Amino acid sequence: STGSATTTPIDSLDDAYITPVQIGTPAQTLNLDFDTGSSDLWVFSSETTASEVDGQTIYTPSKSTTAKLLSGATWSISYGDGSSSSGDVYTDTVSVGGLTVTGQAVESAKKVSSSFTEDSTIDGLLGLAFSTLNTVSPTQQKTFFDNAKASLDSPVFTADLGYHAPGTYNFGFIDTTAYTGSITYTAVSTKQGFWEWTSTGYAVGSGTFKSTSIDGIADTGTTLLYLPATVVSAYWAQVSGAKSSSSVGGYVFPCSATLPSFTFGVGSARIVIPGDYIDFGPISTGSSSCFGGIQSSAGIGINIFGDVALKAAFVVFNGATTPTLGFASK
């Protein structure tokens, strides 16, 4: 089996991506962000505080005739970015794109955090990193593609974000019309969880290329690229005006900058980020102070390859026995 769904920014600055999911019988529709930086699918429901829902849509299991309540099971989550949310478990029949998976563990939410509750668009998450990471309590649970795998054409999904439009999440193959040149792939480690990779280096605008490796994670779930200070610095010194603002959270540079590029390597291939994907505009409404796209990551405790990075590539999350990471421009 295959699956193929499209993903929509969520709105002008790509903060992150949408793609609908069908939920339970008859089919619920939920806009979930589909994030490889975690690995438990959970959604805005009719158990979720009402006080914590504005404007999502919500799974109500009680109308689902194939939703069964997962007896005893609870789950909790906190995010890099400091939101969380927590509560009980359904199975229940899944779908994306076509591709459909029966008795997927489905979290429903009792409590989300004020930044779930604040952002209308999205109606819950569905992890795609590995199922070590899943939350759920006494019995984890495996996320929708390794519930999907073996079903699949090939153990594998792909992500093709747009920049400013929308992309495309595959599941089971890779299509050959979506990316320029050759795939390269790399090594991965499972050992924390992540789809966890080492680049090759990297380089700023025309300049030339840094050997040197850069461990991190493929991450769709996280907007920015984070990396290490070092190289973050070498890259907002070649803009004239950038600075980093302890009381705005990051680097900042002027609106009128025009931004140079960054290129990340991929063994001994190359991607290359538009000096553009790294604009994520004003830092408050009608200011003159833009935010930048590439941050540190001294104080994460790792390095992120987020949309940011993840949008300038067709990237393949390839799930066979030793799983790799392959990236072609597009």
Contents of the next structure:
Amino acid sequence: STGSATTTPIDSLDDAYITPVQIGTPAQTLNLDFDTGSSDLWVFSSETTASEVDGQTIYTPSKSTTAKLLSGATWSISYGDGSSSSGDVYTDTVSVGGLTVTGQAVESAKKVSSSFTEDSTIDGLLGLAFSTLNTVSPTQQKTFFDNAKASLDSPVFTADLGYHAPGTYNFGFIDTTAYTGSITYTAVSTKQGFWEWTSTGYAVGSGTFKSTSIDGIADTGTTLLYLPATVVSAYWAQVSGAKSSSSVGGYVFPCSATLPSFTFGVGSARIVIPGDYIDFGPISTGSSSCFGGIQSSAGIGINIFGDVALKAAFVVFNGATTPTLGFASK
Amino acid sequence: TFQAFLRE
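Alongside the form deposited without its partner chain that was just displayed, please also present the structure of the form solved in complex with its partner chain.
Below is the whole assembly, all chains and molecules, this chain first.
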């Protein structure tokens, strides 16, 4: 089997992408944020405390003939940005772009933090990191990809994110018309439960490529590109009005500037981020300062190849027993 | 307004 779904940015800055997912019988469609940086599939529901629900579509398990409560299992998760949610667990049928999985755990939120209540566009998250990061207890639950593998034509999934435009998530096949050149594969370390890999170096604009190992994770659920402080400083040093602002939280530059490109190495190949993708957007509407797309990972602890980097390439999450990550220009 | 999906 295979699946194909359109993913669309939730706003004009590409803050995050949502993809519709059908849960239960008959199907209830919810727009979830596909996150390669965690392993929990959780949604807003009829169990979510009322005052924390605000504009999202919820999943009601009592209206699904295929839902089953998973006795005694509970979950609790917190994210990099400080948000969190917790609740109980049901198993149900979930389908994405035509690919159906029976018995998938769908974690039902009893409570959600403020930032989730505040964003009307995201109905929950669908985790696609390794199952060892799953928060359910006492027994962890498999992600939608892991439950899907047995039926997939091939055990992979690809992410083709667009810049200010929809894109696609594919399950079980590699669409050869969506990229140019050939895909270059790099090893993944699953020690930390992420799709963790090491870039062989970087280049800023038309300058030299420096070979230096940069270990990071490929995370479709992080908006920005977070790299080591000395590489982020070498990039901004090439933009005349950029400065690090403590008040805004990062490097800012005049919206007026033409930013240089950023290239990252994958093995012997190079993936080039055009400069316009690096210009995240004005600090406030009408402002003349814009927030930069590449920022320091020093305070986070790990480098993160987020959406700014992933939307410049076609990326293959090869889920074979020894997983690998593939990148191609597009 | 950025997001950064697991981790303490």
